[PDB]
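Next comes just one chain, in structure tokens: the form solved without this ligand.
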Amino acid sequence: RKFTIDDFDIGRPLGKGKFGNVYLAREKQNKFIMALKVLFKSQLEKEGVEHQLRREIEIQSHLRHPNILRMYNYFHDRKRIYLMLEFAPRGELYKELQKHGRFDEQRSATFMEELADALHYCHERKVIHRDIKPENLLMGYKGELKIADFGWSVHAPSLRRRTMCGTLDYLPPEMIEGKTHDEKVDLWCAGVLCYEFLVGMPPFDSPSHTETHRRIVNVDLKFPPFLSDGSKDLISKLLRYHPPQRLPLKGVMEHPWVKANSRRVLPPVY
């Protein structure tokens, strides 16, 4: 009743990872193109990441949203675990941002609406992402944002969290300060993301990790002159020191700047 590697035509590698590679593949029965992430069982075990991987799969395999990369199913053989994933034709968002330097307002606003919608879907299920940044996002056929990696994600039904996690430039003050945190950390990262989209560099960029931490906890935000008042309004509302004061995800979707600039299109559904 289940999949094996012989059920697919391997097309070519898409990603080079350090636990295995990702390949563009075609499922034979349906000639459906997808991505196959291949992980080696002994390397995962030696590195002690079995439970981590289990948790990532459990979370991603139960999320169904147009702006979250789908994990259709998975299977394994003697030496490998195979994850059947949605193929994001336009690739890595960080490569696109690097190529353009910075995104215009339409592009940025569209990504923000998609991000907020996907994050809202996660939070409604008590899943906190905790590592939103360009590198963890892929792009669909029409350029739609796809949250692709859930490496730091957690299902947190009750208990606030204590783990520091994420990425330096995106860490919220509460994590730096050793406080407990909750889903509002994703609101903060969404604000850093919006700024980096429009500016091309994260807001608290500094020569040293202690200077970056200092800028974050003081919320030392300095907006470049070219940013529009609307974009600064949204960023400022997300990058609040106090978690409870951060603009809610529904507030991001309803923000006038997002409404005025986003050109979001929902992909066709079966």
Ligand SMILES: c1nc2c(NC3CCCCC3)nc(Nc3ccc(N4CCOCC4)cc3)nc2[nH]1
Given for the second form:
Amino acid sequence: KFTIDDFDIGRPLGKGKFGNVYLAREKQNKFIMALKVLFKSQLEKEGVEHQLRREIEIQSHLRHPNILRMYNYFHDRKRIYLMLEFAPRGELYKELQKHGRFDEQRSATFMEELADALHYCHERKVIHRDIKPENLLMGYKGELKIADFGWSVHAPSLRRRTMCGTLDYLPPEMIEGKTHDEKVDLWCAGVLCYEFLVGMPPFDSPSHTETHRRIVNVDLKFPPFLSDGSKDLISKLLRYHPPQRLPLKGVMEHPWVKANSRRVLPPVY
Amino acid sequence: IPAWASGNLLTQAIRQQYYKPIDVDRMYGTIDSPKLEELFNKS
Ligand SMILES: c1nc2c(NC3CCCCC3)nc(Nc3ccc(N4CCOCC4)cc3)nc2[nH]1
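Having seen the form solved without this ligand, the form deposited with this ligand bound:
Every component of the complex follows; first up is the chain already shown.
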């Protein structure tokens, strides 16, 4: 089993309120990865032990080119260490903020990768529930990587009740206190596509109540610069009725995705 | 910051890793993990 002395620590990559992430190189294979370091005492005091356990269980069992890999994990006297795939191009949200909005090629590519990753999750009855730019990282060739599974759930049989995710991304069914299923991720994919292309989420408002109102009315107002193809896809995802939302296979097959995506699969061993 | 983690040396290493992927499934995936119930117990 691994210990911290099996790794050369390179530099901090990010800071959290439970620990830190470092660029690290495991000495044996000279293999560069990220190490997320969490403090056992802080996790217990905050009462998030079962929460972290769930996140680890879900992510450690997923193997997909557009899902950040968790290679393994270990612990010592004070700390829990997660061995994670390093995403060389970093935060997707930072890239979006830098550019303001993404072009159609970039956005369609991300949408294909997202739909593929989410399909993989849904095949295993894992619902993500918090798709947004801030939860996505980028690989060596700019490939989308779902990086966080904080609101995720393995939901084999029962519909879910938990309101979760992020204000601007919440599906109508959550706001209305209905049960939800995997189709929440479909809705969030639509919001994401809109934000990619526009640089702001579709239901942006000064108050939580007005945002809620816009979401449940699907008060969608497309900017004039958007292509018919992109509006078609967004409109097909942002449906009030979950069963009417375009399936993930449908997103991958959508003509706008086909015409604009430049997706490349990473080399495999 | 060690040399391997900064300028060109990092870039080249990252490129090398992308084009020459190791078998992570056996190099890390077969190696034992602490039980998730043990994570907050004795190491
Ligand atoms: C697992 N965790 C990872 C990162 N951690 C992030 C930062 C901590 C919380 C959000 C995730 N960053 C990763 N990649 C980065 C690559 C370059 C980054 N930089 C930003 C610009 O300056 C150069 C370094 C930052 C993160 N990869 C990763 N794998």
